[PDB]
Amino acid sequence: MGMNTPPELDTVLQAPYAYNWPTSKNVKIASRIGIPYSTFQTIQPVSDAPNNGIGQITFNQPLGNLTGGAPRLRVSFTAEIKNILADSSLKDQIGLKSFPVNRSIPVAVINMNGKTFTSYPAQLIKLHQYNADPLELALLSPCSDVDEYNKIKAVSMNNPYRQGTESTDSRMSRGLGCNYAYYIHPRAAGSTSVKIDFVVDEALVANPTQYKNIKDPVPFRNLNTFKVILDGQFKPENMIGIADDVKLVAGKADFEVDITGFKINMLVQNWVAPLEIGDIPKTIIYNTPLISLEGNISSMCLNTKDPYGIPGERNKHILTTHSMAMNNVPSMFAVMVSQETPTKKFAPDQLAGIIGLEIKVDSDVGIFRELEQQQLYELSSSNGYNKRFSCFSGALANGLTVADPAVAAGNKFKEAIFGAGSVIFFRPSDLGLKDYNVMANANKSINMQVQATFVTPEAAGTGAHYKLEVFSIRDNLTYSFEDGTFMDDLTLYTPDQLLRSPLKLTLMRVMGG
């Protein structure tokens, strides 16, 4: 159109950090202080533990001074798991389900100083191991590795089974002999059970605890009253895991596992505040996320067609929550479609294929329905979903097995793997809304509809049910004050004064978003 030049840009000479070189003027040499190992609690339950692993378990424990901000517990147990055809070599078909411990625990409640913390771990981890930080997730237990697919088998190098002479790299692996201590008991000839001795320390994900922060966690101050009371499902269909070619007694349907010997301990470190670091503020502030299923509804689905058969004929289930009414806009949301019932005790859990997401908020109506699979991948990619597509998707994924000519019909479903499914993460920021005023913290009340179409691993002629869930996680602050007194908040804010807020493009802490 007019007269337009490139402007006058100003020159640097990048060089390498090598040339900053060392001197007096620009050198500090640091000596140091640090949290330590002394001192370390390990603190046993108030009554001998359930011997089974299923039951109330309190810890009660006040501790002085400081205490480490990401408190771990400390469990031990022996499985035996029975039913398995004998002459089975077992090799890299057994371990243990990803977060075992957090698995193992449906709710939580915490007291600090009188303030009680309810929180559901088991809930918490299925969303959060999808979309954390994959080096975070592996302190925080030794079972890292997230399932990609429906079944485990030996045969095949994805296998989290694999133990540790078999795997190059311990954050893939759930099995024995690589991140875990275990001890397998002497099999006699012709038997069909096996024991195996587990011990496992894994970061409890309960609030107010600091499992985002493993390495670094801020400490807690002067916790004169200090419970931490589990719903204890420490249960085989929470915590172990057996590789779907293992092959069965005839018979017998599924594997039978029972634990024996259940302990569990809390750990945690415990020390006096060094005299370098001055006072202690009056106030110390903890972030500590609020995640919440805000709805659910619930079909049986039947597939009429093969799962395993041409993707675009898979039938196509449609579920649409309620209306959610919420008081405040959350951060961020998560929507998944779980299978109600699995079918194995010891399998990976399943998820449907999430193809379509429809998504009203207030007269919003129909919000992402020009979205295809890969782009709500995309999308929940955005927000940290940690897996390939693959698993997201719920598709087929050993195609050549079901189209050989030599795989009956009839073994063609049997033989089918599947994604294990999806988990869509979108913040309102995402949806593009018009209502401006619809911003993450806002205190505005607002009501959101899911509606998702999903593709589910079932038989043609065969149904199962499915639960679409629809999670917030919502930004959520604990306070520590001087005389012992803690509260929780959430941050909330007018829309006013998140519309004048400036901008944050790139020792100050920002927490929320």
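Residue numbers count along the first chain shown, from 1. Think of the rigid core as the biggest set of C-alphas that the two forms share within 1.5 Å after superposition. What changes on going to the form deposited in another entry:
When the two forms are overlaid on the rigid core, CA displacement between these two forms of 2 Å or more is confined, within 107, 402, 138, 196, to 402. Relative to the superposed rigid core, the position of the CA of residue 414 differs between these two forms by 2 Å or more.
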Second form
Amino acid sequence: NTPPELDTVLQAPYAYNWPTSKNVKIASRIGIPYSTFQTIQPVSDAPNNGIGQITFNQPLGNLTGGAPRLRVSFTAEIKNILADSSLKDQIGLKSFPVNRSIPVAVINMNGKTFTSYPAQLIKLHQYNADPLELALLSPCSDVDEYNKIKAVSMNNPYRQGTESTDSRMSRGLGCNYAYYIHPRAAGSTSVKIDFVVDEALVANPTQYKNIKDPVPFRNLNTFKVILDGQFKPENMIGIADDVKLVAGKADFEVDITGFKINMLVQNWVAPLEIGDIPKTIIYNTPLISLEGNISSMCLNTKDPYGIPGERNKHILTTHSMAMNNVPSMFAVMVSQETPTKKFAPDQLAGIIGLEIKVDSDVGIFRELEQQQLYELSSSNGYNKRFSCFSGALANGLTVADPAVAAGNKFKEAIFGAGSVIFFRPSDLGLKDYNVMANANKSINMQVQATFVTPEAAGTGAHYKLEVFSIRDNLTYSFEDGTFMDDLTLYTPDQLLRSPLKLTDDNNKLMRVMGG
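Return the structure block for the form deposited in another entry; the form deposited in one PDB entry was the one displayed.
Nothing else is written out below except the one chain.
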């Protein structure tokens, strides 16, 4: 054996590639103009507390912006605050408050209805995208890293603009959204705050994924958007966990008043320079479905801030989930189904173990510990840090401090927000090689998750294991006005025989959707 001959190259700086008449060109520009925005009012008066069906109906010729936005404005009254609380860096909005407040939405484009679930869509998408991309969707794009929020915490998401490390990554007042706090009298136990939130609608077939440069829709003879409006305090208002309550009150009481809503769209004539618009335009419109869920009361007997190994290992196992084709990705999370406190972070469990069954293949990922489950999820787009994901004790030295008495340990204890595990069928390493993304092949799946919860010793709460699927799904816009959508399914043999793609395509006009 001998090493093979390797050819040589002489690297030199790009500065020596001299700009000349042979390699320089002057650009002019056309673009999507900003003189083209219009405000669409709903067909009837929106409910003053934001609870009820809301409908928009507006035909639009030519091009319509692919990421239309909903603009809500309202007053929130927060009661049962201890008298003369400063509330510095302690009040704000929850993450993606518009889409979190819409359990279901129906969009009609030229007689074709699209039914989707924005609250579910954004619940997954918020953990699975570039933060700067998410900041263009919502002014409240930052997601909670920890299960309790306190004023001093460094990345406290209710920090004001001047008190935040990055005001873009805060949901506090004086950050990305307009607000006004009503005057607070001395001795007052309540506060009124006006809000305005301009957020992109996360619902099929909108282009929330391509919010950087969204492909517009064309020639909408019929265009309706029907929302299940659930803009209730629990889906919007956030209060830090160290805000003190009035004596004899368990939780804060919040009321939404003066609720208004409009849809903001861009509408413009296509320029002649780009040429004739093609007969059939394709749009990436992912189908998210809850494949299975199951819950149980989880009772902690031992301290969650104590020895990590002695934390109560709660187990939930789904029923068999029948699927007629293979999704491109799955998402697993264990969350508190009925929250105790309405305005605190979403209580997710720290998943410490995961075993998966697919048809006859059993015990997949059984060997994996938290670090590898984090690595797995991160490799499929999970956008947060291990301190959050793990659900482990985040401030052990603060709690272990002997100055903190035994009765106040739990109060001081702050945990990571919890786990969301994204996995693809290729990660499973199935000996059945026909089980591949977008394969037209039926399968049965069962998911068991072992997890730890942040509740104190002698207390408990209900937790639900959820398994979602993210299927590749396209929407087709035909020249005659018709809209259709379908899954992109092929036989195992087609996909196995297809050409390899180890890199991006050299032709930059090409797009490779799904997988």
